[PDB]
Amino acid sequence: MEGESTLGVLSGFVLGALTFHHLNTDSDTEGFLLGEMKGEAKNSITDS
Amino acid sequence: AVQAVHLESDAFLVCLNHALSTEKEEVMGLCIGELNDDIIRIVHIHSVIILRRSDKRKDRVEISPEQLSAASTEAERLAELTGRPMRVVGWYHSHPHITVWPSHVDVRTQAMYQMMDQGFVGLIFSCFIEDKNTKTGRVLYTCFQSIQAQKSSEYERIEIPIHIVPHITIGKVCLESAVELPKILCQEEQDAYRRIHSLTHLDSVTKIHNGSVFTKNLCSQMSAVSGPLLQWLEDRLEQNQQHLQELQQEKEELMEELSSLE
Ligand SMILES: [Zn+2]
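Top to bottom, those sequences are chains A and B. Residue 33 in full-length UniProt numbering is what sits at position 33 of the first sequence, and the numbering runs on without skipping anything. Note that the second sequence covers residues 8 to 46, 69 to 291 in full-length UniProt numbering.
Misleading hints may appear alongside valid ones.
[To be verified] Here are the simulated DSSO-like pairs of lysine-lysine, each with C-alpha atoms no more than 27 Å apart in a straight line: (1) B:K85 x A:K42; (2) A:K42 x B:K87; (3) B:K280 x B:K201; (4) B:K180 x B:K212; (5) A:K42 x B:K201; (6) B:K280 x A:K42; (7) A:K38 x B:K236.
[Unchecked claim] Take a look, some chain A residues computed to stay more than 10 Å from chain B by CB distance: (8) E2; (9) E4; (10) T6; (11) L7; (12) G12; (13) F13; (14) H21; (15) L23; (16) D28; (17) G31; (18) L33; (19) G39; (20) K42; (21) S48.
Just so you know, these hints were derived from the structure itself, not from any lab. Beta carbons are placed, not taken as given, at the ideal position from N, Cα and C, and that holds for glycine.
Build out the structure end to end from the sequences listed, making use of the hints.
Here it is in structure tokens:
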């Protein structure tokens with residue numbers, strides 16, 4: 001198997017908050033991202 | 008190999024009403040009847078069983094040997110109830126917005142079924158064909174079998190003459206088959222919902238959304254299928270009452286004509 005993808009997901013508001021924190025900082029800025037990572041299985045069918 | 012096919016209009020109606028049920032996917036079913044010799070080998074199709082397709086997708090139409098077991102059980106039941114020698118003799122599917130002819134995959138599947146018995150025949154219904162240039166509607170049907178090519182594998186199609194036998198009135202078997210379509214649609218939606226609930230650890234608002242989707246789907250099913258079908262059956266009952274009155278009048282007229290004449 002080992003058929004693995006690694007999609008990333010966000011919400012509009014979190015990107016807005018990062019953008020806001022940045023626009024207030026007159027320099028580079030940085031921080032940490034907290035969330036959860038979950039694997040989903042799709043048993044694709046090919047012809048028959 | 009089969010040389011002709013007679014289809015009872017009684018069952019052609021079930022097939023046609025199944026084909027016009029949906030345009031978004033292709034639908035399928037099996038045909039029960041008998042083999043006969045007269046004047069030539071002929072297949073008389075009396076009734077059909079509607080089937081639910083799980084894999085769906087375009088052009089991928091197959092029937093599981095599980096469905097064959099269920100169909101053969103129903104065939105034995107109908108053979109004992111009706112005293113007819115009924116075996117599963119054919120299959121049919123729909124080609125909506127698609128030419129009535131079989132695809133190479135349809136023909137390969139027909140050949141895979143002929144491997145069971147070379148006496149097996151296939152049907153295809155081409156439904157709503159749209160053409161604003163002619164501004165006319167069209168609906169077709171055809172029957173076919175398959176033959177091994179001169180070259181390796183690559184099976185080829187062959188045409189079978191098919192006629193519709195005028196079955197002046199409705200058999201109860203066809204009503205009992207037609208009322209199975211709403212049941213199968215409802216069961217399909219219910220199985221989708223049950224498989225959705227398997228991951229119990231899921232958001233509550235999401236479960237409300239999925240419940241709303243299930244309700245909307247069954248509302249559509251009742252608005253588009255069960256409702257019109259029930260309206261059709263009521264209209265048919267009214268038509269039959271009027272026709273009974275007219276035929277009673279005609280019977281009395283002919284009785285008088287033969288009593289007074291000679
Ligand atoms: Zn097909």
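Results for each hint:
Simply put, B:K85 and A:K42 have alpha-carbon atoms about 16 Å apart, close enough for the 27 Å limit, and the pair holds. Between A:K42 and B:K87 the alpha-carbon distance is near 20 Å, which keeps this suggested pair within the 27 Å criterion. Only pairs whose Cα atoms come within 27 Å are accepted, and B:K280 paired with B:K201 is accepted, the gap being roughly 26 Å. Our distance criterion of 27 Å between C-alpha atoms is broken by B:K180 and B:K212, whose separation comes to about 46 Å.
This hinted pair does not check out: A:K42 and B:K201 have alpha carbons roughly 44 Å apart, beyond 27 Å. Under the criterion of a C-alpha separation no larger than 27 Å, the hint pairing B:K280 with A:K42 is inconsistent with the structure, at around 67 Å. Taking the CA atoms of A:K38 and B:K236, the gap is near 20 Å; set against the 27 Å cutoff, the hint holds. The beta carbon of A:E2 sits about 23 Å from the closest Cβ of chain B, which is more than 10 Å, so the claim that it is off the interface holds.
Listed as outside the interface, A:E4 is consistent with that label: its C-beta sits roughly 20 Å from the nearest C-beta of chain B, beyond the 10 Å cut-off. For A:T6, the shortest C-beta to C-beta distance to chain B comes to about 21 Å, beyond the 10 Å cut-off, and the non-interface label holds. The claim that A:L7 is not at the interface with chain B holds, since no C-beta of that chain comes within 10 Å of its own (minimum 18 Å). With a least beta-carbon separation of about 18 Å from chain B, A:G12 lies farther than 10 Å from that chain, consistent with its non-interface assignment.
Taking the minimum C-beta to C-beta distance to chain B, about 17 Å, the non-interface status of A:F13 holds against the 10 Å cut. A:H21, annotated as away from the interface, keeps every beta carbon of chain B farther than 10 Å; the closest lies near 28 Å. Every CB of chain B lies more than 10 Å from the CB of A:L23, the least distance being 32 Å, so the non-interface label holds. Every Cβ of chain B is farther than 10 Å from the Cβ of A:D28; the closest lies at roughly 37 Å, confirming the non-interface assignment.
The non-interface label for A:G31 is consistent with chain B: the shortest C-beta to C-beta separation is roughly 27 Å, beyond 10 Å. With a minimum CB-CB distance of about 22 Å to chain B, A:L33 clears the 10 Å threshold, and the non-interface call stands. Separation of A:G39 from chain B is adequate, the least Cβ-Cβ distance of about 13 Å exceeding the 10 Å criterion. A cut-off of 10 Å between C-beta atoms confirms that A:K42 is not in contact with chain B; the least separation is 14 Å.
Here A:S48 does not stay apart from chain B, with its beta-carbon only about 6 Å from theirs, under the 10 Å limit.
Comparing the model with each numbered hint stated earlier shows that hints 4, 5, 6 and 21 do not hold.
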